[PDB]
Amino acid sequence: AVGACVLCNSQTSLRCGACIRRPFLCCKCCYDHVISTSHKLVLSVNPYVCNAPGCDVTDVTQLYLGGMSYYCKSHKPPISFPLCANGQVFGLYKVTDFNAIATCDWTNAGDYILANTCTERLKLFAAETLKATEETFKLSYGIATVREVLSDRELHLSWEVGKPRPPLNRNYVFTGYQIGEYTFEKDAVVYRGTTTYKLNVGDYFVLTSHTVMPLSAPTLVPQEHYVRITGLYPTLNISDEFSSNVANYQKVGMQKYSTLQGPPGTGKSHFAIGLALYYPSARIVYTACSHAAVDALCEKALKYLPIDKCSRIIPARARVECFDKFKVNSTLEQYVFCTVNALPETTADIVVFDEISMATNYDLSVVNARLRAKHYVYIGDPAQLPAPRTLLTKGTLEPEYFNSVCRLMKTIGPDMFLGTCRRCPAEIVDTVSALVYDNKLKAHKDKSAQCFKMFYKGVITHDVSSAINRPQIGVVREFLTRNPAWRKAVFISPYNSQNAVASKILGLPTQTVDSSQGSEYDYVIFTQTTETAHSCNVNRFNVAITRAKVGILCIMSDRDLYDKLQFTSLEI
């Protein structure tokens, strides 16, 4: 009820009642909000509404102070002062960017640009507002009910009339009814139940709309530079394996926070785990948004760090499987691996936040609120994929606007850059180096002579909006007959519907570009499927072709990206 101004910090009792997060505003800033926007409801212990019986005047510009009460122009007493006058709204202890964050619908790219270019408190206001908007949008969707059960993995659904149907992919996680979370993939639909239960007919699912908590901590803590390693104790016996990162590990101990840009296969988790060997007494918390990113850090830690000092933090609501080898939920172990939403309230000597392109400003802030650390390290790559922005439908979100860490990496550059790709055949490294890394990424591997490209537009069909290209899958099938070593390839495309078709026709394991991020395979077969902004996205393209260790086959739709691929072209 009585708090601090989200703009200039000048204490007040005035909260905007029209803002979905109800932020406190000072006398000066509340005025500049109500007179420039449709937002006219002003709060305190008592709201600014006409006290005269049965009067519906709530607009603060049409209200006045009659002693210690509030009334409109039609009900005010002779001795009454306007609540809105002289650039101020009457309150105790007596902006363009704040207005736009407060009133935008978050469907445009410019809304996200602003949410990242504004002041720090406006970043938290923006992150709270966006997350709250995203959750209330889930409520707009229709309830799905089980009509019949075909088998242990297939079912038929009945939808609510009037309310739209959400897109079916492993992106949208429903909550069965409390029979556990469930996901869907396309009249022959497949049901992916997180908890194994006999799919009851009549039982329904609904999109988990968790409540949005307020943000207290900043996205980035204030930067501190030191002239000596602070609170960390190095070794002069770090294995040659991690010696390439000694100068960077020291930079970590000489700054409050540091950023690491690591292109694919340049040694990000090797750097992250090697930081524990360089400061062997330090308590380190390894965090990331996804369970898969946390698990990939667990796998590297399992190889170099003592297993008895490790613990994998798993929340009670087990939404999918997790890394099994560390002791579970022992919050007190020297090494703690946990997702951002499951983080306990604790301290650390170092906090490592991985896959930073997937973080939102909300995630950056939660980490600063749940973890108080001597040093924070942000590992990721702004040339890789960002978190899906479900409300964003107009415009494209550039990497400098993914989050505060990405913004720093794209404007002032990263503190540390891993320049040598050790995963990919040089054809791939040379392509992405020119495409997204300003020719600064170098190849450790030779050219494999197993990277191919084919320009084939085929025929584009759609499953609602998720696209399919059966002729591009036909070309893959023909290629497989002539190149049987490729029988072990992973099939990748920008669309679930393309992947579902390729799975039945080719029999290859399937993966979307977005779900492939962080993973590597010997052989990759990629079909572009369409020439949309989604399938032409250079960060998505970069992720797609950098999954391969040995060979890649790219069936392309876009001439531009095809021409850039430094691969042997194939005929047909």
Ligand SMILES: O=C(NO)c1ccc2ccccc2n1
Second form
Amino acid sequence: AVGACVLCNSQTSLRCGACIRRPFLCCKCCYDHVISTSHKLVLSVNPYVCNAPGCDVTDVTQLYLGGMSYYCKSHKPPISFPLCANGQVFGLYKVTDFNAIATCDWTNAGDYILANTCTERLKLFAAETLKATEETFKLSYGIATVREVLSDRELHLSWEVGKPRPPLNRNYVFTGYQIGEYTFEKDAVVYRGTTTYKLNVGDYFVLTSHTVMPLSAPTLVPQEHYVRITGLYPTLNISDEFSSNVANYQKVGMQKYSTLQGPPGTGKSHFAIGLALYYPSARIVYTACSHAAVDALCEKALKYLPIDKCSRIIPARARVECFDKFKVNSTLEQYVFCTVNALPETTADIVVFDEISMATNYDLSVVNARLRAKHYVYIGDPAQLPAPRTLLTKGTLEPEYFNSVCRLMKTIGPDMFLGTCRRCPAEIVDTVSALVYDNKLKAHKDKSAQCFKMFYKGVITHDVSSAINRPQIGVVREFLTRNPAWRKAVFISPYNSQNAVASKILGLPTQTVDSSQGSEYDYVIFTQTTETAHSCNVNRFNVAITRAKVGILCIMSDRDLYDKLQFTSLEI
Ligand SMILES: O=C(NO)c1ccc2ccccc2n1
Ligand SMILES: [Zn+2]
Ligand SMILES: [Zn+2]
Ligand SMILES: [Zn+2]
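Condition change, the form deposited without N-hydroxyquinoline-2-carboxamide to the form solved in complex with N-hydroxyquinoline-2-carboxamide:
Whole complex next, starting from this chain.
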């Protein structure tokens, strides 16, 4: 009931009762808020409401102080002071951006733009409010009850009337009952639970409604610049493998935090594990939002770092299968690999946070709260995919607004830039360099002469909203007959429904653009499916085509992105 103002830290008993996070607001800032928003309920030890029996006046602008009690204009005593006077709300110990964050529905892009351009304390308020609004929104969808169990990987379901049905993709992990978490894909719905239980008919699955904890630590700690490497001890016997990053590792020891922008295949994993070989005594915590990103870092460490000094932290509510070669849950091992949401309360000499475009300000703050380190290193690429914002429907979110780190990388630029792509054929590197990296990404490989583009709009069908283009899958099928080396290709598309149709017809392994991020394949077959804002997104486009080591076939719908592709044009 007594804390500090979320706008100027001025100690106060006042909290906004109309805010879903009930932030402490000082007399000056509380007034500026209630006089401009629909928010008029003010909370103290006792609420600011009319004390007169059966009176429902709760608006602080319509209330007055009767000695030590509160009353409306109809019930106030002769000697009373309005709670709102001279730019203040009465309380003990006696902003336009805060009003917008506190009242927005988080469905517009301008809401997220503001959540990142605001002050630091408002970035945490925006992050808490957004995350709590994302969870209260989970109470809105309808329950699915089992009607029939077809097999071990398929079932038929009954849906709740009056409440809408949620998107059937691997993104929306349902929580079933206490049989564990369960996922779905499209009347024969394919079921895939984290736990393998012979599902009983009549059982029900409901979405993961978790409670949002408050944020204390900033998204980014205040920057410090040092004259020498601080708290870290370099090697002199440094493997020629990592000699290219020595100057950047030294810059890491001479700053509190450092940003590394690394386009696809420029050596981000290599940079992260080499930093451990450069400061060999340093205790490093490797973190990322996804289990896949943390696992990718584990594969690189297995190759260069002693397997005994490594540990993979796995939480009890195990949703996906993880890295199995390190000792599990040993918080004290020199090298700790763990996802943001499972981080223990520990300290480190260096913290490395990878796949930084996928992080939210909620995640940035959590890392600063659970880990107290001498140095922080943010590795990622603002030209790659951000975390999905489930409430955002109106407008497109730009990279300088993904999180505080991406905002820094897109405005002041990154501290370090890995400029040479070692993975992709030159056709792909030249296209993405011009598309998203301002011609600064250089190709290490020559042109493979296996990068093709075909302009084919086909026919667009929709399974609810995930789009399908059967003629584009047919064009791929025709190409494969004439190109058997492409038999070993991974099929990629912006839609899971397209991928389900392509897996049945082509039999190729399948990946959405979003789930392909971080991975690499010799051959990639990409069908754009539609020319929507989703499939034409340049960050998704950049990710889609930078998955290929040898060859890529792009069946395009957008003339703009087709014309930008510096690939060999095909006909049929
Ligand atoms: O070792 C690596 N991964 O296997 C790697 C990848 C990409 C690189 C790019 C430039 C310099 C070095 C690199 N190293
Ligand atoms: Zn204040
Ligand atoms: Zn409010
Ligand atoms: Zn009253």
